[PDB]
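One chain comes next, on its own, written as structure tokens: the form deposited in one PDB entry.
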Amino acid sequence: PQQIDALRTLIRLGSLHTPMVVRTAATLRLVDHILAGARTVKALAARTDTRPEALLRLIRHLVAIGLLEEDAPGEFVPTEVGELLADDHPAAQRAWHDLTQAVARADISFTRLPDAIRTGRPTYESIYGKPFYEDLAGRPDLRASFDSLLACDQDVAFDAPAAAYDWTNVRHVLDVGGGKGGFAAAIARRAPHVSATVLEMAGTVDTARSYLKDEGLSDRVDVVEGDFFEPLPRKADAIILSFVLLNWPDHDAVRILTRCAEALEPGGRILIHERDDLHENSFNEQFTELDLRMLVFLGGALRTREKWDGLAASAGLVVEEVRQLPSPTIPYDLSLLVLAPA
């Protein structure tokens, strides 16, 4: 029958149990326990305190989708794909799929995706009771998990964009929504003359200070607790917005950009570190995953190249330059947009 291939393709794409099986495996640390020697259902059930027959039924789907394989009778081992759920694999995919950590927990928001397409508004609060960052504020453990996930690739998060900008004429940097201070730290290492300030939320500021202290950068990078919708705590030659604006709908993104514009020294620049696909190039799974997460988590959005041109104008800014960043690790197209006063 001619449509069976198409049918199977649709059913697979539409299957909700398959990603939940992957995330359940991640959460139970199943692959770690297997690598440590528990290859049978009875051994793995003991290690995870799960019911043996129910665990077998989970394992059966993990084999069907190619994450595990039955090596000997009743003995299971990870495939090349399944091995990526080992806890210390550099892609950190176990943590990214762990239902007790911030992102896979937030992904439950997708169960109300129709509401988000109707309203353009996030569904996270309807599930967890508070909007995303307020929820993280009330759950320091989730805050910590979130901060660690985002920084899982330091070359992409911090080193590549720091290396792609000329800091020679920069004296002061303000990193707005700067997380644990990784970006500010990478700049400081490359540009010894720079002093930097990280503006962040409660909880994150302590992680940031502790990180910078560990790095021996406390004297060059300070951390300020604050709200980037209010006047910024000081002026700067370079103001960093690294994966900040995508958290926000257009009217909020403009407010943040305007606060940054108002804090620029003469000759200063605003640096945006984000995706910037041309619209015609944006129909890809990397763009849509992050963009749709921003919708249901936060009501934010990824902006295509043509939108960035528009957003800058509204904040009294102009796009001076868009620097296509190298991909030092995985092929993941990122840019550094450089904005100047209009």
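Rigid core (definition): largest C-alpha set, two forms, superposition within 1.5 Å. Residue numbers count along the first chain shown, from 1. First, how it differs from the form deposited in another entry.
- The only C-alpha among 134, 250, 155, 227 that moves by 2 Å or more between the two forms, given a superposition on the rigid core, is that of 155.
- Here residue 330 counts as shifted, since its C-alpha moves by at least 2 Å between the two forms after the core is aligned.
- Relative to the superposed core, residue 288 shifts its CA atom by less than 2 Å between the two forms.
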Contents of the next structure:
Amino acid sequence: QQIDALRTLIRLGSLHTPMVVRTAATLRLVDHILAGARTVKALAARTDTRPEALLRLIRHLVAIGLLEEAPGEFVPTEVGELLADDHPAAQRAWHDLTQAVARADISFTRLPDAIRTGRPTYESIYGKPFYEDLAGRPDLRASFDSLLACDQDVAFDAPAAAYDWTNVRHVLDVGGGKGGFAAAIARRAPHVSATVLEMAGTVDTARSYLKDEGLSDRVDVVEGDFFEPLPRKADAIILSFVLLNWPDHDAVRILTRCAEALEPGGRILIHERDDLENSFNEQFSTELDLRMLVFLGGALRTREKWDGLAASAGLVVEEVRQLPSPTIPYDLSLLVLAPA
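Return one more block: the form deposited in another entry, after the form deposited in one PDB entry shown previously.
Next comes a single chain, given without company.
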């Protein structure tokens, strides 16, 4: 039993395996193989790497079962195929060290400082805090928006169906990304108009995305800062995966700006985790919660915490709806908040 406990511990503690996975995604190793380069010299050329070092990386990729080896010819496994760039779960991009998230994940190398201080480590590594770093790096800004929106044609169908749009005229989507939630509601409730509030760079991609859905006459995009007064009032105000980016004091500020922008009868809709789930759900949550810590100083929140957050902003949680996810099996929640 000790040999077994020992193998398990060494596996769990190993840094080399996820960096090998991320290296392979970054070099688009699987895409090139699927595009014919099954040999070492050809793969090394396409990835622009040394053939002997590439071979040493490939060896571990075989050991963990992402690839398998005719002699000197390698093919992806079923698991390996998920690193193809056109796979629906987009795992290649999520593991790509040149794109925003896997890049930010380096913050985990300073996890002890984060546990010691409760403060994010991203800045100590990259020179500026997360959104400020992206603000100065249009490549990262763009890749971040594409990752979060990787699923946007379907990801917002369930939450949009979980709210009654009958007496809503206007929706404001605060930090709404490329506008996917706004678009989903528009398709569902054609009498509804919307505004998306977003940061520089992102607003241009939102405008394009919405124009390409044919929604340009129904959803506006405004460039702004949701710590400042909101650009207009609305019957529903949406915060989809925004509040987990912020520590309690900032999250209360954001909620306060939303409450002040609400029309009479209006509601604020928080789309996130109502944090609790099973053994596979639990590791998504622990990973996302710790990401928020090291990237941003944010956190996932239980219902008891939402209740306190709501009250501090003069709000109350009116109801909570649990929602299935379509591309990755994870349970999400829509919280509906009303003035207290």
